[PDB]
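A.B. asks: Residue-level listing of the chains:
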Amino acid sequence: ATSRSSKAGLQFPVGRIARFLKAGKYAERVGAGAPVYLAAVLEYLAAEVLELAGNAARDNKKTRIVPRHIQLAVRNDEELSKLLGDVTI
Amino acid sequence: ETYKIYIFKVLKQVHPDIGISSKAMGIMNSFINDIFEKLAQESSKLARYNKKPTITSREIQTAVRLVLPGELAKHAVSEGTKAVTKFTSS
Amino acid sequence: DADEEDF
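Residue numbers (the deposited numbering), protein chains in the order written: chain C, 16 to 104; chain D, 59 to 148; chain A, 226 to 232.
Treat the hints with caution; some may be incorrect.
[What the hints assert, rightly or not] In the DSSO-like style, the derived pairs of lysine-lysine whose C-alpha atoms are separated by at most 27 Å in a straight line are: (1) C:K97 <-> D:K140; (2) D:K67 <-> C:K77; (3) C:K40 <-> D:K103; (4) D:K144 <-> D:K67; (5) C:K37 <-> D:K103; (6) C:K37 <-> D:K67; (7) C:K37 <-> D:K96; (8) C:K37 <-> C:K22; (9) D:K140 <-> D:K62; (10) D:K110 <-> D:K140; (11) D:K140 <-> C:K22; (12) D:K67 <-> C:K22; (13) D:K103 <-> D:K132; (14) C:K76 <-> D:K70; (15) C:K76 <-> D:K81; (16) C:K77 <-> D:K62; (17) D:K70 <-> D:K132; (18) D:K67 <-> D:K96; (19) D:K144 <-> C:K22; (20) C:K97 <-> D:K96; (21) D:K67 <-> C:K76.
These aren't lab readings, by the way, just hints derived from the structure by calculation.
Just chain C, same shape as in the assembly:
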């Protein structure tokens, strides 16, 4: 058995995202491609935040991301700040 995630080149869980989309009744039905597209978008955004938060961790002389690193990475990024809002610690 080959996962939809594996077929799409993704780490994020296509099947689980498809189930959340169907469960919420955002519409009557969900097409096969929609969860693949959404999984890819969420994976991209996770990668963008983690890249910037991990750079902040390292600049801060740490080897692990803590909440303040995420707060600093996001607050210093115009677009991530707009998308995600302020991180409160």
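On the provided structure of chain C, position chains D and A as indicated by the hints.
C.D. replies: Relative to the frame of chain C, chains D and A by itself:
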């Protein structure tokens, strides 16, 4: 069901030697839930405009273009289009 | 506490 194991796998791709605290991973998981809901709710509003019973890749893509700031939107669309193309060709 | 531990 959370996204945390998947976040962790992506973390190790972008920063092989950097770890993450429990509370930081909670914040990450909450971002993914928050953006999931924003994009699902916009997809719902678009599908209604179109009198469309199915949310397809077309509605997700438009939702991404409307909800995400411009440069993140452009790159996210590139990534979603790429994944659906890879899925369809598998 | 829990927060401060590694994931």
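A.B. asks: Decide, hint by hint, whether the structure agrees.
C.D. replies: For each hint, the structure was consulted:
no., hint, verdict
1, C:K97 <-> D:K140, "holds (25 Å)"
2, D:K67 <-> C:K77, "holds (20 Å)"
3, C:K40 <-> D:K103, "holds (12 Å)"
4, D:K144 <-> D:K67, "holds (20 Å)"
5, C:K37 <-> D:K103, "holds (15 Å)"
6, C:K37 <-> D:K67, "holds (25 Å)"
7, C:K37 <-> D:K96, "holds (15 Å)"
8, C:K37 <-> C:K22, "holds (21 Å)"
9, D:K140 <-> D:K62, "holds (24 Å)"
10, D:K110 <-> D:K140, "holds (24 Å)"
11, D:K140 <-> C:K22, "holds (11 Å)"
12, D:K67 <-> C:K22, "holds (17 Å)"
13, D:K103 <-> D:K132, "holds (21 Å)"
14, C:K76 <-> D:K70, "holds (18 Å)"
15, C:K76 <-> D:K81, "holds (19 Å)"
16, C:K77 <-> D:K62, "holds (21 Å)"
17, D:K70 <-> D:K132, "holds (24 Å)"
18, D:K67 <-> D:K96, "holds (24 Å)"
19, D:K144 <-> C:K22, "holds (7 Å)"
20, C:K97 <-> D:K96, "holds (13 Å)"
21, D:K67 <-> C:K76, "holds (23 Å)"
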